[PDB]
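Enquirer: When you get a sec, could you build the whole thing from the sequences and use the hints?
One letter stands for each residue in the lines below.
2 protein chains.
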Amino acid sequence: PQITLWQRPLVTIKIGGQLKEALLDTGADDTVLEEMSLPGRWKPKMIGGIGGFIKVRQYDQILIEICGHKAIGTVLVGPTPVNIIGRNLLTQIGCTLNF
Amino acid sequence: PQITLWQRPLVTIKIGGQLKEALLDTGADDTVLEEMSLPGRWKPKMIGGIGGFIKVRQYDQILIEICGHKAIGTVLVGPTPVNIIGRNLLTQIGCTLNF
Ligand SMILES: CC(C)[C@H](NC(=O)N(C)Cc1ccccn1)C(=O)N[C@@H](Cc1ccccc1)[C@H](O)[C@H](O)[C@H](Cc1ccccc1)NC(=O)[C@@H](NC(=O)N(C)Cc1ccccn1)C(C)C
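Going down the list, the protein sequences come from chains A and B. Note that the authors' numbering numbers the first sequence so that position 64 is 64, with each residue one more than the last. Note that the authors' numbering numbers the second sequence so that position 27 is 27, with each residue one more than the last.
Nothing false has been slipped in among the hints.
To be clear about the criterion: a stretch of chain B counts as covered by chain A if any three or more of its residues have a C-beta under 8 angstroms from a C-beta of chain A, and this derived list gives those stretches:
id	stretch
1	1 to 9
2	26 to 40
3	43 to 56
4	83 to 92
To be clear, the hints were calculated from the coordinates, so they are not data collected in a lab. Ideal Cβ positions, reconstructed from N, Cα and C, are used throughout, including at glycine.
Expert: Printed below as a string of C-alpha cells:
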C-alpha cells in the first residue's frame, strides 16, 4: 500500500498466531513488541530510546506477517508503550519512504 | 526522492539558515531537535519515548527545510541524541510509506 502520515501508521500484524496492531517506524532500528509469550529460547537484552533504556527478551528468527507480507527476523519483547515495527523487518517487506 | 531503509533515514535539514542532519521518523508524532537557542517564545513540555520522558521546550511556527522542501510547524527542543523529523512535518512534505 501507500500509507500517508496524517495518522499514526498503525497496521495489523500476525505473530504467534495472534493478531496485533503495530507502528511502522522508520526511526527504529529494531522491532519491539509488548509483553507476550512466544515459543522459543530467548536472551536478555537492553535497548534504548527517548527516556532511557529498557530490558527486553530477544527472540530470533521469528515469523511475522505484516499486512500479508512475511518477514522472518529478530523480535524484542518487553515493556514498550506500543508495538513497533523497525527497520530490520521493514526492509524485508520492501518498505520505502517517498516524497 | 525514494529513501530505502538499509541505513537510518538521515537527511540534511536547514534550520535558522544552518544545516543539520536529521532522522525521518514515521513513528514520532512530533519533531524533536537537539539543544539550540532559537529566538522566540517557548512553552515547557514533556515528551515520552521508549524508556520514559524528557523535558523539552516547545516552539511554534518554525520553518524547516527538508531536502529542499519547506515545512512550517511546531518544534520541540531538548537533550536528544538525534534530530528527529516527525509526522507533523513529514505530512507537509508529501512524504509516504510504500510497500
Ligand atoms: C524503539 C527503539 C528501539 C528506538 N531506538 C533506536 O532505534 N535506537 C536506540 C538506535 C539509534 C541510536 C542512535 C541514533 C538513532 N537510532 C527508538 O526509540 N527510536 C526513536 C529515536 C531515538 C533513537 C535513539 C535515542 C533517542 C531517540 C524514534 O523517535 C522512535 O520512532 C520512537 C518510537 C516510539 C513511539 C511511541 C512510544 C515509544 C516509542 N518515537 C518516540 O520516541 C517519539 N514518541 C512519540 O511519538 N510518542 C510518545 C507519541 C506516540 C504514541 C504512540 C504511538 C506513536 N507515537 C518521540 C521522538 C517524540
